[PDB]
Amino acid sequence: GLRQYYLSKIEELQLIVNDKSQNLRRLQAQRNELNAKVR
Amino acid sequence: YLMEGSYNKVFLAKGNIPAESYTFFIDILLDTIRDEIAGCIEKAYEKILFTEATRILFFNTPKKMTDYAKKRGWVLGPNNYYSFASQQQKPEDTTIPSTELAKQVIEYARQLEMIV
Amino acid sequence: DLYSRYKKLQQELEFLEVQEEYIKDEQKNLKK
Amino acid sequence: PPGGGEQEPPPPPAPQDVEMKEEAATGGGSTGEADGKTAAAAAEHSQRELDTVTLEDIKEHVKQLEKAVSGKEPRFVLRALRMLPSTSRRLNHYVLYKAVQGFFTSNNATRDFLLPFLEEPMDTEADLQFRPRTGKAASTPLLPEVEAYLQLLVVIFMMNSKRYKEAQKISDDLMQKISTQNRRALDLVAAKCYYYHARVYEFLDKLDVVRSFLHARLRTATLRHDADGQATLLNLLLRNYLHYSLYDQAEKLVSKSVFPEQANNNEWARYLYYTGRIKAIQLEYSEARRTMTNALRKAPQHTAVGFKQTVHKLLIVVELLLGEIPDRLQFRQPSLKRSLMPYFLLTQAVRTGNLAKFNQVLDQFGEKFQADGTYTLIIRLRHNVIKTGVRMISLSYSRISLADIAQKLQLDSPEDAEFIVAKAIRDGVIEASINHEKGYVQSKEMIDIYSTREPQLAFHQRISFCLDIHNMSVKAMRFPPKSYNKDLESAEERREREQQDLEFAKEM
Amino acid sequence: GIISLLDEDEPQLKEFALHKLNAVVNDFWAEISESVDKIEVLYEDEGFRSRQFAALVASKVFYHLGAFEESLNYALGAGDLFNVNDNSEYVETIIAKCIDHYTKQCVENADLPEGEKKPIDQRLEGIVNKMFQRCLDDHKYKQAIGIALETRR
Amino acid sequence: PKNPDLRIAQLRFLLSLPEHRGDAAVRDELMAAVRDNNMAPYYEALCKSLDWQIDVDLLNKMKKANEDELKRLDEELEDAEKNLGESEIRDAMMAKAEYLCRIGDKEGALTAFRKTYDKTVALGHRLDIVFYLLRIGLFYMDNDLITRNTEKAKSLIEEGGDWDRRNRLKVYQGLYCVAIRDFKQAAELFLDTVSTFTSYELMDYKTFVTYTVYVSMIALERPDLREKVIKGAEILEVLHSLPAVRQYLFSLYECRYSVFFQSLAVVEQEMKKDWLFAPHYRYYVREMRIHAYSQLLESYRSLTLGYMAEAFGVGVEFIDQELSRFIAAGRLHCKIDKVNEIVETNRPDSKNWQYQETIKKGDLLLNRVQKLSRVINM
Amino acid sequence: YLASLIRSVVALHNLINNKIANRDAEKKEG
Amino acid sequence: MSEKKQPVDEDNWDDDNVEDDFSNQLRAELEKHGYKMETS
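Protein chains in written order, with the deposited numbering: chain C, 19 to 57; chain d, 142 to 257; chain D, 39 to 70; chain V, 18 to 525; chain U, 7 to 159; chain Y, 12 to 389; chain Z, 261 to 290; chain e, 1 to 9, 40 to 70.
Derived by calculation from the structure, the hints in this document are not laboratory data.
Any given hint could turn out to be false.
Stated by the list, open to error - Distance condition first, Cα-Cα at most 20 Å in a straight line; then the derived DMTMM-like pairs of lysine to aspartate or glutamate:
hint	chain 1	residue 1	chain 2	residue 2
1	V	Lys-76	e	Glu-3
2	V	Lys-461	d	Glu-183
3	U	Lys-26	V	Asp-225
Claimed, not checked - Quick look at which bits of chain e chain Y covers, simulated, 3 or more residues with Cβ under 8 Å:
hint	region
4	40–53
5	57–70
For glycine and all other residues, C-beta sits at the position ideal for the given N, C-alpha and C.
The following block holds chain C by itself, in its conformation from the complex:
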C-alpha cells in the first residue's frame, strides 16, 4: 500500500504551498511599496 501511504503525502502538502506562497507574494509587495516610500 505504498501508493496509498507515501503518495498520499504528495497530494496534501501542496495545498499548504498553494496558499501560503500566495500569502508571502502578497505581503512582500505590500512591504516593497512602503520600503520604496522609505528610501
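Dock chains d, D, V, U, Y, Z and e against the given chain C, drawing on the hints supplied.
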C-alpha cells in the same frame, strides 16, 4: 393545538379518540398540561374565587387544589388566590453593561488601529 | 526516491512559517 | 429534398467547425496538459467543460436526419488519441468521415444503433490509463445520448455506456490518481454524469444502490485528496434524502464534509439551500434564514424557475414561521407573475389578523402547496397568525375585554381566549395583566425602549460586521500588488554626472 | 436500520446484529454514525464472542468523522478480525494513524526510553515490523532504508 | 408636433384601463389617430381595440403622406448643401425631426436630435431639443433617459437666467416627482404657481392648481398651510372658480371634520379615474385619513371613541377597525382604551421614532455595499 | 456606527482603485 | 460557468404596502357612509 393556547380543545380531544385507547399517551398528555395550567396560574391575576381556577382543570372540589395551592403560591385563603405580582427586583443594572460594554469597547479598539 | 518528497517539503514549512511573522514586524517598524 | 437538401447539409459542418475548436482544443489541452502537465495552475478545461455542457444542453433536439449528429458517433468513437504522431492521422480522421456523411450514407443512429458506437476502448490502440482522455471521451458520447433522454428503449444503451464509464470510474477510484488530477478532473465529469445517471437511473429505477455505491465513492474521498470529492458527493447524497425520510439530517449535522472549502459557487450555493430545507423540516428557529439568504445571494445569472422560485418561496416560509415578512413582489421578472399567487395569497392572510382567512387560503390552494410539498410547513402557521393577532390587539388596544378579542378573532370561545392570552404571557410576547373577574385585559404603555439595552445589540451586531466587510476589502485587495518591477533610486549615469557636477562645484 | 435492538440481553443478537455491520455499512452507515455508540458497552461487558468485530466497525465509522484516535484505539483493541483484510482502501487509513502515532511517540521514546514508556497493546509495534517485513519483502530497499530510520530504532 | 402629445397618452390611459369605458375613448382617439399622419403608436392600441378590419388604405394614405414629407426632406438635403447656410439639412430636420418624432418612433427622433445637437452653438435650440427628449422621455416612461437630459438640461441654464427654461423645467421635474411618489419634492417643485403658465400639457392653469393643492395638503403642515396656501391671492382667486376644491381644502383648515370625508370620496374617486394619479390613489387617501386623525387626536387626551362618530365621521366600529390598523400599523401615536370607552394618547420624544429610520437606512446601505462586495472580485 | 459604516465603503473604493490597477495592467505589460 | 443544476424546472412597492394593509377592506367607499347617516 398544543402549540398555541388552545387548552379546552385539547382536553376535548382527551376522550374523543376514534382510533384506539391512547390511554397512556393522554395520561402523559394530562400531567404535562397539569404543570402547564399549574404554570399559568402564576401571572398577574387578581383574586380568583374557589370556583373559576378550581374548574379550569377538571376538578369540582378535591384536595388537588390543596396540592397545587400548597405546591405554588396563590395561597389558600377565604375564597382567595393571593397575587404576589411583584416583578420588581431585577432592573437598574448599570454594572453589567459596565463590564460587558467595558469588554466590547476595547474589542472595538482592537480591530481599529492594530494591524491584523 | 519518494521518501524525500515530504521531509524536503516540510523543511520549507520550517522555512515558510517565519516569513509572515517577519513582514508582520516590518508592518509596524516602517511606521515607527 | 430541396428543402432538406439545402437546410439539412449546413448543420453538419458548422458544429464540426466549432467542435474542432472547443473540445478538440480540450482534446489537445486536457489530455496533454492535465494527464501529463500541471492543470492546477491552468484548469481552464473545467470551465471549458462547463461550456461544452451548457452549449450541448440546448444544441441537439432533432432525431438527426442527414447524420448531423448521427454520423458523428462513427467519427468520434474511432479515437486512439495516444500521442501527436498517432493523432496526426486523427486530425485527418476528423475530415475523413465528412466524406462518409456527405459522399455516402452513414449509420443513422435512431434509437437502435448505439451498440456499435460504444465498444471502442479496444479499436486501434485505445486505452484507459489516459482517463482525462477516456473520461472526456466517455462523457462526450455519454452526454448527447442522455441530453434529450429519449426514454424509448435507449435506457439500456445509456445504461451500458454508463457501465463503461463505471469501468473508467472504478479505474478512477482505484488506479493511479496521485498528482495527475485523475480524481479531481473526473469528480466534475463524475458529478455531471451523476445527473444523467440521476435522470434516467434515479426516478425510473433503484437509487438505493447508488446510495451504497455513492458512500463508497464518498469513502474513497477525503484521504488521498481533499477537493472535488467532498463537494458534489454530499448534495448528490442529499437530493433524494430530502425526498426520503431517513435520519440523514443529523448525520449532516455531525458530518466533517460540511465544508468542502470553496466548492465552485454552484454546488456550494445550492448546498446552503439544501441544508436550509433540513432545518425547515426540522423546525427553523431563525438559524437557517441566513443560509437560505446566502443560498439565494450566491446565485449566477441564467433563470429562476428551477430553484430560485423555490428559495424565493421557502426563504420566507421560514420567516413566516418567525413573524417577519418582507414583500415578495420585487423584481417582477419571471417569478413574480407565475409562481406567487397561492403563496403570496398565503402571506396576505398572515399579515392580517384574521383566523379563518388562513383557512380561506388553505382550502383554496391546499393542493398547490402539496405540489411542491411545503404543506407540512404551511399547516403550522395558525400559531403565528394568532401571535400576530395577539401582538396586533395587545399593541393596538389597552383595556380590552377577553369577551371581545375572541369575537374579533372569530375564536367562538372566550373560555380559551383567557388561555391563548395566558400562553401569550407564558411564552414572552405580551407581558401585562388580565382582569379575569371583570373581563378586560389591561396593557401598560411601554415607551423608551431606547435606554433598554436592545439597540446597543442592534448596533453591536453590525459594528463588528461592517468592520468585517472592511477587513474583507483589506484582505481581498493585495493580490493586484504584482509586477512592481523596479524602483530605481535615481540613475547610474546621472548619479555619476551629479558627482561630477558636485566635483566641479568643489573645484570652483 | 438495524440499530434499535442493542438491549436484547441475550448475547447472539449482538453477533447477528454485527452480521450487517460490514456489507451494508454504506447506506445506514449514515444512520449509525452518531446516535448510538454502544460498542464500548458490550466491549467492556462480560458477554464475549463479540467485542471483537464491534471495535472494527467503530474503527470504520469514527474514522471518516474525524475521530482518528477513537478509531485508532479500537483499531488496537479490535484484534485478529481487524488486520485480517488488507484488500481494500483501509490499511492506508489505519497505519497512517497507527505508525504515525508510533513514530510521534517514539520521538519522545528517543528522548527518554527508560521509564514511563509505552503500554503497547501487542499490535501497535507488531504491525510496525510486520509491515516493515512487507517493505523488506516487496523488493523496495530505497524505502526500506527509510522506515528503519523513521521508526527511530 | 409634441405640444398636444400628452393628451394622446392620457387618452390611451382612458382607452385601456377603464374596461367598461372604452368606447368614446377609441372613438376620439381614432379621430386623432388616423389623421395628423400618425402611423406607429397605435398598432397595439388597435390590438387592445377591436378588429377595425379595413385599416389598410387608411395606413396607406398616411404612410404615403409620411413618404411625402420624407421625400421632400430628400429634396431638401441636396439643395441645402449646395450653397450652405447653418447646415441647412439639419436646420430643416431640426424642425421636421419633431414631426418625425411624433409620426415616426423615437429612433428617427433621437439620431436627428443628437445629430442636430452639435449644430447650434448656443443653447437656444439645444435646450428646447432637450425639452423634447424630456417630453418623449415621459411618453415612453423613459425613467433612465430622463435622468440624463435633466442634468444635461440643467447644465445649460446657469449661463443666463433663462427662467422660461428653468421655471418651465420645474414643471417637468414636478410632474416627475408626482409621477413617482415623491410628494414633498413635487410640491416644492410646485412652489411658485406664479411664473407657471397657461401650459400645453395642463391647458387649464386651474388643473395645475388642483395638482399643487392635492400634493401640498400632504406635503406641508399647518404653519405652511396657515401662511402659504391661505394668504396667496394668486392661489385663492383661481380656486374661487372651484366650489369643490375650495371646500375640500378649507374643511380640513376650518376643522369641518364630518364634511371632509364627503368631498374626500369625490376627490379620491376622481383621483381613481385620473391619469398619473392612478398609481397612487390608494396611497393618497390612507395618508389623508391618518393625517386628519392625528390632527384632531393630538389636541385632547381624554377624548372618547364614541365622540368621533357624530362629530367626525359615522360608524363607531368603522373608527375602531380604522384606528386599530394604524396604531397596529405603527403610526398615529396614541393608545386606545376599549371597555371604559375612551381613547388615550401619548407623546413620543424624538428618540425612538427618529432612531427607527436610522436602523432602516443602515440595513439598506449595508445590504447595498455587502451585495456589491459579493459582486465584485467574483 | 456611522463612521464605522463609512470606513468599509472607503476601503471598497480603494479596492476598485486596485482592480483597475490589475486588469488594465496585466494585458498591457504581461 | 453559470449552469446551476435545476431541481424543479419604484412603481411597485408602496401601493403594494397599500395592498398589504388595504387588500380587501372598503375598496369602494361611496355608499356605506350614506348608508350610515341613517343608522348612526
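Outcome of the hint check:
For a cut-off of 20 Å, the pair hint linking V/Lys-76 to e/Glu-3 stands: about 15 Å separates their Cα positions. Under the criterion of a C-alpha separation no larger than 20 Å, the hint pairing V/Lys-461 with d/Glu-183 is consistent with the structure, at around 19 Å. Proposed proximity of U/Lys-26 and V/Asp-225 is supported: the alpha carbons are some 17 Å apart, at most 20 Å. Coverage of the region 40–53 of chain e by chain Y holds in this model, with 9 residues showing a Cβ closer than 8 Å to a Cβ of that chain against a need of three.
Remark: the region 57–70 of chain e is confirmed as covered by chain Y, as 8 of its residues place a Cβ nearer than 8 Å to a Cβ of that chain, reaching the required three.
Hint compliance for this structure: no hint is broken.
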